[PDB]
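K.L.:
Read off the chains here:
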Amino acid sequence: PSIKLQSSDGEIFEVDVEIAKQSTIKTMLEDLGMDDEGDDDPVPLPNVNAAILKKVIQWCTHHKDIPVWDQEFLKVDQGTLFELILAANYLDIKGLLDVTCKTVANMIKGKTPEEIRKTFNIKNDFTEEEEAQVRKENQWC
Amino acid sequence: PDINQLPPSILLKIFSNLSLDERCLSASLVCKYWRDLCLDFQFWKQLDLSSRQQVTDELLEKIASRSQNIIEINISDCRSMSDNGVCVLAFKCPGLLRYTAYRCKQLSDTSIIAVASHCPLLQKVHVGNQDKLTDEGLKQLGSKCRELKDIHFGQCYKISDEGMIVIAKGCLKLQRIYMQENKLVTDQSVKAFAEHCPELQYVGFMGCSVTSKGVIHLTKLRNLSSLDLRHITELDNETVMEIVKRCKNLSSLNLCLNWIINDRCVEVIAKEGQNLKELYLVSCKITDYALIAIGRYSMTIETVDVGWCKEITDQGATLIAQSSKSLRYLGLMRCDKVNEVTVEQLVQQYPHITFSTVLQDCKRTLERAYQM
Amino acid sequence: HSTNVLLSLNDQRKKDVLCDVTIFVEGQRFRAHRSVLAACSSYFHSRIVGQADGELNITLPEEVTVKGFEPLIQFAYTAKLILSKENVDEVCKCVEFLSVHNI
Amino acid sequence: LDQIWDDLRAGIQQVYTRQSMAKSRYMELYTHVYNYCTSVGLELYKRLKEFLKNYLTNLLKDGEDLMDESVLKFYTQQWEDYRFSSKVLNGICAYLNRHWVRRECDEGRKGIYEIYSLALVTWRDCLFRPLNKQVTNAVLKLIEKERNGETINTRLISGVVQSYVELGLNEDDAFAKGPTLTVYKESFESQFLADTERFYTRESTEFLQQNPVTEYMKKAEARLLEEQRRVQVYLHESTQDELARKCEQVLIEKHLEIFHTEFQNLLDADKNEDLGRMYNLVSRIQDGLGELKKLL
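Residue numbers (PDB author numbering), protein chains in the order written: chain C, 2 to 24, 26 to 66, 84 to 160; chain D, 319 to 690; chain L, 16 to 118; chain A, 17 to 55, 84 to 340.
Pulled out of the complex, with its shape left as it was, chain C reads as follows:
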């Protein structure tokens, strides 16, 4: 019981098969488990690199509203974030999308438009003539 997952740029990551058993690798072994194994060949992941795959197995190892461990684990750069979102969507880790999409929503929540726009470097693709009609359309608080 050891999948030999290889990262995008190339680094072999042996895991026990309950640690990396998520609905796109769990499903693969269910539909390709009838025949003989391929001598424990590496299963490359072309959309997950070797610095993000390290954290994905760190999060799945422990778990064999945003608790304390998940608050201190998700204390990475915004660039190290936004790729844990994509690497949990790619491999379909249903419990890592939840605790990560709350965090990105926890810095949108209760911060007014201006510093929300500043936090995520959003360029204001918004004029002022049509701002008077969008603030009157949501008048009902």
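Among the hints, a few may not be true.
[What the hints assert, rightly or not] Pairs of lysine to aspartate or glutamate residues, derived as DMTMM-like cross-links and limited to a Cα-Cα distance of at most 20 Å, are as follows:
no. : chain 1 : residue 1 : chain 2 : residue 2
1   : D       : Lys531    : D       : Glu560
2   : C       : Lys28     : A       : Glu297
3   : C       : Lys142    : D       : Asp354
4   : C       : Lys128    : C       : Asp84
Source of the hints: derived by calculation from the structure; they are not laboratory data.
Use these hints to put chains D, L and A onto chain C, whose structure you have.
P.N.:
Below, chains D, L and A alone, put in the same frame as chain C:
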């Protein structure tokens, strides 16, 4: 690091973690793309506009103008719109499922007529304390949309006799029932409606005038789960015995405030009751004698409720405190016949009990209110 | 003393915040807590203890009148009443009663 | 995107020819779908549907008009291969299933299914074709060895039955509530019952004109037991009641008039073992013991 490079599925999953106020007030002014994301059938098929007072009067024209799949309208505690403002939305109502409007007094039977004929699909009609809701509209509600599966008609003193029979002959898919102090409810409307659908699980007839002549015939069905027969008119004891002996599947039994009901029922309820989970006996005239049987002869129990008991045995309560393994639900209130040892020792002896005494639940409530 | 607790709860009640159980009389909403009305009126513990919901909505029969009703909660809280001779009869029970009230 | 679709089709075509390639490829095909979808997949769904339709159309020019006991081998083998490969393809297209199809149906909208249900519908239109009448006729002819035969190859029949149960209406009405035996009933069970009725009518008439009534009851009981057991090796649970009612109405309830006379003759010369058999046979009927109860 660009957040807008994320696929729209991820952005919608992020935006679903914001309230409607946050989504329509802050995240809709950041840019064009966020405003277009925070406007979907995803976010506008579960309305829940309860207690929005004098802000939604004619606005209901825009919430359902291009929206096609409203299924969770909830305008409870409304005080602003009128019959016109609800019938305009009722005209379309594509596949509405769970219409709910409690305590909306200004609404009348016209809203019921509008909502009952323009959607042949429904699942929940939980209306509330709306007065002047006469029975003429519920007739057509049962005649046209015979797909409804759950009603709630408390505190509507105009549903005397025609309503139950009319949504009892046509409709058959009902699962739950709830009624309140509604007078002029005759017995000759439920006896006929007791053989068609035996799949009912929740039954509630508090403060109603249902005679036991229909309760006696309840032995037919053997799939009932929950009972709420509070303040009922002398239900048969042997019927309760038969339904508790045969129907092993039984979840709840309240039977509170009943005075002709005697001590025999609770004496015998511990003889064979193993799956019973809670008991609500408030102001019962128990003769402090069934405690020994309920402690010795009962091993599976986790919820116990002692009400306005004038007399009690402190020794027996202490014995049953350690007799069980997980029965820690002593919500004592106004128990004058109590000592000062249990409330002083069992608080620290068992750190897994919350208790309900006045001396304790005054600092705890303030502390939990201050923290949250 | 616990009367300090009662007075603090009373002042918190008289802000329309931290109120748990809501009483409805022909439209008037009178907010209060969960434990105290359970301790006061035996008609209320009946409708309360059977639920663990968030926000509660208990309605009272026409038999109970508002005019006597406001001082009922006051006497539940601080055990002090104000009353004159014109509005007495619908309260003359001296064991509260007034509700159902066969004890 | 044709840059994706060339290799995607080249991999799907070898998913269906069960060559059993490694996991480094069946994770490289999932990446094609993921990369395409996150670049929606309406035309991807169209290409998959067209591929499945053409695959079945070309597959089914073989194995046709090879009628008896040879449509069975064809149908069973091709059905199991198709079902396994379609489960694998659904596993590959899980992303399109989870995000586009789910968001697209979301109301009961018809014409758009998951990949497994899409393949099941396409194979049902493979059944909605001459390969559902000669497989059924050959199943009936193979069961029509009720007289004699031991190398009947039960696996040829039962598998066919399984197919007719899997092809129950998959078209997202609201949700799969329970058993969905509509195609099963309509395409097999009516003919099965109407054939067993004729077989047992002819057999009963022939045997009664060939032998007396005393040991016809033995045969009737044995045949009832045989029909009861046959529903457990060609197993579907909901046929036993109807088949039993057919068999009781044909074997008994049609020769009661001679049962009464044989009852009187058995009473005259006391054969107490035949009367028990008669009592059981006539008690299987509803309201049939009336004349026996008076003759006694």
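K.L.:
Work down the list of hints and note, for each, if the structure agrees.
P.N.:
Okay, the hints, checked on the actual structure:
| no. | hint | result |
| --- | --- | --- |
| 1 | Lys531/D x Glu560/D | 16 Å, holds |
| 2 | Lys28/C x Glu297/A | 58 Å, violated |
| 3 | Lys142/C x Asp354/D | 16 Å, holds |
| 4 | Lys128/C x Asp84/C | 15 Å, holds |
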